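S.K.: Put chains C, D, B and H with the ligands on the given structure of chain A with help from the hints.
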Amino acid sequence: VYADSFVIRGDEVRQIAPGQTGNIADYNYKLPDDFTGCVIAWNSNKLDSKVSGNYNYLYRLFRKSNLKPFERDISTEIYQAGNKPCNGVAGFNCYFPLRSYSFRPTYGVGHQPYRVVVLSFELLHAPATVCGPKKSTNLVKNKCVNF
Amino acid sequence: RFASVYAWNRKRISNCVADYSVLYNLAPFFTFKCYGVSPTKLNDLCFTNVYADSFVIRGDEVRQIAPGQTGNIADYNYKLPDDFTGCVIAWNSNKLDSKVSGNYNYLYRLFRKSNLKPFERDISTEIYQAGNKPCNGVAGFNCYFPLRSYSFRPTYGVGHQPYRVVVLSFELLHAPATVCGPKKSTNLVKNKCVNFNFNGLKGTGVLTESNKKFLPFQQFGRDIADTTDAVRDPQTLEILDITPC
Amino acid sequence: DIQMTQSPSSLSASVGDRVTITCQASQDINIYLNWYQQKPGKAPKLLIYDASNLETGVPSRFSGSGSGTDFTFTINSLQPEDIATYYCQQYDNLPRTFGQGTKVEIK
Amino acid sequence: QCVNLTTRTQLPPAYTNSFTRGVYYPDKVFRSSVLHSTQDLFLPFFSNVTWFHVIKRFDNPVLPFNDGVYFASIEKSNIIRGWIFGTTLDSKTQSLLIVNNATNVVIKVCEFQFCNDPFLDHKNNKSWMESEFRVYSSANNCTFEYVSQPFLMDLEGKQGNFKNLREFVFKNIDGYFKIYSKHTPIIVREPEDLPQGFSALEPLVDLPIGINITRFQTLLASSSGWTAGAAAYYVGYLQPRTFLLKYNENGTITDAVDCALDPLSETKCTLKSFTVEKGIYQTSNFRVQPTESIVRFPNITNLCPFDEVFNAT
Amino acid sequence: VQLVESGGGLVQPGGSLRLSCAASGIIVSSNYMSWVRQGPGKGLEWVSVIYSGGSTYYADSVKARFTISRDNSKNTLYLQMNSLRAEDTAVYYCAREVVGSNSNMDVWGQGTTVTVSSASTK
Ligand SMILES: *[C@@H]1O[C@H](CO)[C@@H](O)[C@H](O)[C@H]1NC(C)=O
Ligand SMILES: *[C@@H]1O[C@H](CO)[C@@H](O)[C@H](O)[C@H]1NC(C)=O
Ligand SMILES: *[C@@H]1O[C@H](CO)[C@@H](O)[C@H](O)[C@H]1NC(C)=O
Ligand SMILES: *[C@@H]1O[C@H](CO)[C@@H](O)[C@H](O)[C@H]1NC(C)=O
Ligand SMILES: *[C@@H]1O[C@H](CO)[C@@H](O)[C@H](O)[C@H]1NC(C)=O
Ligand SMILES: *[C@@H]1O[C@H](CO)[C@@H](O)[C@H](O)[C@H]1NC(C)=O
Numbered sequence: 392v393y394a395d396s397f398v399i400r401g402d403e404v405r406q407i408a409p410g411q412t413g414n415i416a417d418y419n420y421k422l423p424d425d426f427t428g429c430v431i432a433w434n435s436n437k438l439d440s441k442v443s444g445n446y447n448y449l450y451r452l453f454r455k456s457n458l459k460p461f462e463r464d465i466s467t468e469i470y471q472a473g474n475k476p477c478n479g480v481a482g483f484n485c486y487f488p489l490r491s492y493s494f495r496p497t498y499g500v501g502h503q504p505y506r507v508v509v510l511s512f513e514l515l516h517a518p519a520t521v522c523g524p525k526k527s528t529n530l531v532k533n534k535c536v537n538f
Numbered sequence: 341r342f343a344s345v346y347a348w349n350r351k352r353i354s355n356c357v358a359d360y361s362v363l364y365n366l367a368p369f370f371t372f373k374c375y376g377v378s379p380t381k382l383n384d385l386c387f388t389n390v391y392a393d394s395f396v397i398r399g400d401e402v403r404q405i406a407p408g409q410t411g412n413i414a415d416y417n418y419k420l421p422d423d424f425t426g427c428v429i430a431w432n433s434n435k436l437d438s439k440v441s442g443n444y445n446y447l448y449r450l451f452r453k454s455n456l457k458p459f460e461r462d463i464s465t466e467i468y469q470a471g472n473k474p475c476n477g478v479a480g481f482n483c484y485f486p487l488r489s490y491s492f493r494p495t496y497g498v499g500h501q502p503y504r505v506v507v508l509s510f511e512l513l514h515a516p517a518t519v520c521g522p523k524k525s526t527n528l529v530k531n532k533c534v535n536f537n538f539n540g541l542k543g544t545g546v547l548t549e550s551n552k553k554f555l556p557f558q559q560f561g562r563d564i565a566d567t568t569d570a571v572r573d574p575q576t577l578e579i580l581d582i583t584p585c
Numbered sequence: 001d002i003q004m005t006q007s008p009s010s011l012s013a014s015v016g017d018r019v020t021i022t023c024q025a026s027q028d029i030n031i032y033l034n035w036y037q038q039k040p041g042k043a044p045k046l047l048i049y050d051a052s053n054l055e056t057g058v059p060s061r062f063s064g065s066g067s068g069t070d071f072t073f074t075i076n077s078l079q080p081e082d083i084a085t086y087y088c089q090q091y092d093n094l095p096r097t098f099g100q101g102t103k104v105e106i107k
Numbered sequence: 014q015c016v017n018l019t020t021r022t023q024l025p026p027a028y029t030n031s032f033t034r035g036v037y038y039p040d041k042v043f044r045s046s047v048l049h050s051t052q053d054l055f056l057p058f059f060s061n062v063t064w065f066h067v068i077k078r079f080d081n082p083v084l085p086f087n088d089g090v091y092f093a094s095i096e097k098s099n100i101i102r103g104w105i106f107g108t109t110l111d112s113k114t115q116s117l118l119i120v121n122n123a124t125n126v127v128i129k130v131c132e133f134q135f136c137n138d139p140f141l142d143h144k145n146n147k148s149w150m151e152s153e154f155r156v157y158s159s160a161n162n163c164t165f166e167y168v169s170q171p172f173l174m175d176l177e178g179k180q181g182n183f184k185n186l187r188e189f190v191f192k193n194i195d196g197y198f199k200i201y202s203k204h205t206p207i208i209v210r211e212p213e214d215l216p217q218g219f220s221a222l223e224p225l226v227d228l229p230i231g232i233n234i235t236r237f238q239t240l241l242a251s252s253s254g255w256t257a258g259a260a261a262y263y264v265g266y267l268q269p270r271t272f273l274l275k276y277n278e279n280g281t282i283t284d285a286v287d288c289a290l291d292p293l294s295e296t297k298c299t300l301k302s303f304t305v306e307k308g309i310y311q312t313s314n315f316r317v318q319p320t321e322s323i324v325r326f327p328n329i330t331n332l333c334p335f336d337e338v339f340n341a342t
Numbered sequence: 002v003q004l005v006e007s008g009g010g011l012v013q014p015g016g017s018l019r020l021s022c023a024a025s026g027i028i029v030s031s032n033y034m035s036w037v038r039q040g041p042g043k044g045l046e047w048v049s050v051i052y053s054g055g056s057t058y059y060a061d062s063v064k065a066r067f068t069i070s071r072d073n074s075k076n077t078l079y080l081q082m083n084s085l086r087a088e089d090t091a092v093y094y095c096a097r098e099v100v101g102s103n104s105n106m107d108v109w110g111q112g113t114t115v116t117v118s119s120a121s122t123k
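From first to last, the protein sequence lines stand for chains A, C, D, B and H. The opening position of the first sequence corresponds to residue 392 in the authors' numbering, with each subsequent residue numbered one higher. The opening position of the second sequence corresponds to residue 341 in the authors' numbering, with each subsequent residue numbered one higher. The opening position of the third sequence corresponds to residue 1 in the authors' numbering, with each subsequent residue numbered one higher. In case it helps, the authors' numbering puts the fourth sequence at residues 14 to 68, 77 to 242, 251 to 342. The opening position of the fifth sequence corresponds to residue 2 in the authors' numbering, with each subsequent residue numbered one higher.
The hints are simulated quantities; they were obtained by calculation from the structure and are not laboratory data. Just so you know, even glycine gets a beta-carbon here, dropped at the ideal spot from N, CA and C. Heads up, some of the hints might be wrong.
In silico DSBU-like cross-links for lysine-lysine, where the CA-CA straight-line distance does not exceed 35 Å [stated by the list, open to error]:
1) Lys-455/A with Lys-524/C
2) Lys-203/B with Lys-301/B
3) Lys-552/C with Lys-301/B
4) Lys-532/C with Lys-421/A
5) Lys-552/C with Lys-113/B
6) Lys-523/C with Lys-373/C
7) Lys-542/C with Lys-523/C
8) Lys-64/H with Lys-457/C
9) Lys-553/C with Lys-297/B
10) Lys-42/D with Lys-107/D
11) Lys-64/H with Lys-453/C
12) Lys-553/C with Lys-475/A
13) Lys-113/B with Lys-184/B
14) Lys-532/C with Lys-381/C
15) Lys-437/A with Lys-43/H
16) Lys-441/A with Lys-435/C
17) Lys-435/C with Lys-523/C
18) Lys-351/C with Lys-129/B
19) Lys-455/A with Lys-553/C
Covered stretches of chain B (chain C as the covering partner; in silico rule of three or more C-beta atoms under 8 Å from a C-beta of chain C) [unchecked claim]:
20) 21–33
21) 53–63
22) 221–231
Just chain A, with the same shape it has in the complex:
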């Protein structure tokens, strides 16, 4: 079992599901097409949204290419919009790649921060370490049983 955890805006919670387009599902976090697991989402307006506005949660907006499944990119470099060189500037056609939200309580339901925890697991291939509470019992040989 694995456990990915992050916080996204409400309108983007649809992009998490397997195979969707947009900023979140193509530049930030992409689930494999052949997913096998669950996804969870509960409103966290009071916990995660400061009244003045919290800027701790950031998202990448401009990037040259897409993201392969379950791949993380922490690079922060100016992205060239056009043919002009950008030796590192905030001017024409050279823009910062990632921007931060400003979560506030007064925003609509779609703009409040939800929380996402994605459980990912694989079955029926190897020895299992974590599973169900079901209590064990005795073992029988040579008798037609339900194992």
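M.R.: Okay, now just chains C, D, B and H with the ligands, sitting in the frame of chain A:
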């Protein structure tokens, strides 16, 4: 000079393409705070009858233009529906709009005393009378002029500076649709395996120069097995044959 | 919310002299700011409108000016009928906030 | 600004038969030497069509529109000018106008208050002049403005000797409005019951109006007095059918055959071939359509106590 | 154009009474009404404001506890409380907002010093 608050200038754009990258180019890096559709998909998801406005307000009302919140500009001057599709665009205009001597050409309606339905313009230039006393005159007590002016002196800080907002919106009611923006024209490849895409045709094959003679209007080409085998290049109007590899 | 502060709490030493009463704001605010004058036990009254105007009937010597989170006002003449409290209030920026209070008294 | 011209010497319209006219290109596909079976709106073969003659005697009544209309005009003097499409024509609902200028064709999608008898001819008696352009009171709410290359025409007006036959087909579908046009020269034969033969119709214009269409009226060209040459125009209606089309070696339709006219045409359509052999061929079964409808239900009049359930104390 | 006081009496915590302030001909619905709070020994505190459009803005300290409305023809503003926690031993000054942008209109109104305490009159 943009329109003032009392009369938000209407502009019904139609029969054209979609291009919003220049909007990123206008001002230093900022946030759109877009409500209807995610900003990355405004170039796509093309609709009909794009609905644009233009007016200038203060910095505080930029965050107060959201549907559901009331006030004075958002209530007595310009209100949005609860199912409003589309979103606002705001940028600072200290260098253009603000004047050192004091520009007072921009005025807003502070006294209307009536809730505004979404998407209509009211021009009440006449003076209002309050206090159960018939005023019917000019420059009298309890006779308040409903149109007062902004102050845009450049010495003020963020929050009182002029911001030019262009509230785009989209409606979809049947229709054939007329506004959509294409892009990403790429080089043509000859005598090599290609995943081609001409005018919404999806397929795989090798493109070579052909010999068949089309008609001025006919574009595609089909064989006996009812499959596309000849395609006309959209930009330069010759005919290319498609062969399996 | 704007933290509304004023340091000179009690200008009771001035009797018909210079008065340096002033107020400050946390965030930067424009002239959308005024004051009330309240005799103990009855409703307040206005003296200045939009930090640049004056009450219809008051002595003409009242002159206040302030911009950039700093508002200043002076009452150089202390007539005996102005023995009350003065309050600062910024508005047009919800929530509307009031000052803690200023004291003036004649000896 | 128009006036009540009246003075209409109306006569019953003529009835003729359309041999094979009215076949156009269905789609934008290139095909060579193939027989393709298609299902679309077409003018049925050997159908009754209405003939209107203008000479004196004027003919320009409002006519119903549904499932597209086939319009034809045989002329030498180029008197027909425009068309009017709409559903109310009273400056209440938006309307469409097609009109040819001297060097323009212009397309008006806007709110018009049309005159009783749209006309521009009647000047100096015999003399022509497209005066009184203000066939509409005012253009209140205009949406679509368009200008392009007009159609071929000849200068001045020649009486008789009709040498130009113009075929147009107008079809509204999925909001789109499509006009297909065709022109043929020199008609030495006397202009009656249309020429004989086959001629395909190349597509001309597709345009996105998306408005209501129920009836149309033609536009023909000191408000009284007209003594000019003759003119004849024909109108026909379309019904959804299936055709079989033979594309030639170059991709131009050469011979079309119907599918629901005759048993021989039906078996030609079924076999995907233009000839048949001696034998028995099964085309399709028959079945009687329902005559009327009947319903039988119990006779209950008291209302249910949903209120008590939903408005309980 | 003067303001008419309406209030008084002693109440227990958890109970609320009918606050009203009347006008002398000034419209109460098509105007900008507002009430404030004045304490013994402490400064003024804004309580609530209602616009001509029906938008009620009041302090977050009393969130979801006050209901305010302007009468159609009685020219009297009404308010009712909910769940008093006994800190509003106060005097409530009724008025309208002092100036929109620029005006000479500055009238005020008197208020009743209401008190909330568990002990009744003795
Ligand atoms: C013709 O007369 C009728 C009735 O008098 C009138 O309603 C109509 O407008 C007239 N038409 C014109 C073109 O004047
Ligand atoms: C078609 O027109 C001919 C000639 O006037 C007429 O005899 C016949 O009855 C018409 N048929 C129909 C169905 O209108
Ligand atoms: C054709 O249209 C152009 C552009 O509106 C106009 O200038 C010109 O006069 C028109 N000519 C005719 C013959 O309609
Ligand atoms: C047509 O007649 C009118 C008035 O009868 C006259 O003004 C006009 O010039 C005539 N047109 C021509 C081409 O002679
Ligand atoms: C026009 O078409 C629309 C499409 O649904 C329909 O709702 C409307 O009733 C039509 N109006 C008329 C007059 O036919
Ligand atoms: C319940 O009563 C109300 C008030 O008369 C009425 O509006 C409502 O329709 C009633 N409920 C139903 C289910 O009719």
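S.K.: Find the hints from earlier in the document that the structure breaks and name them by number, from lowest to highest.
M.R.: 5, 12, 13, 19, 20 and 21
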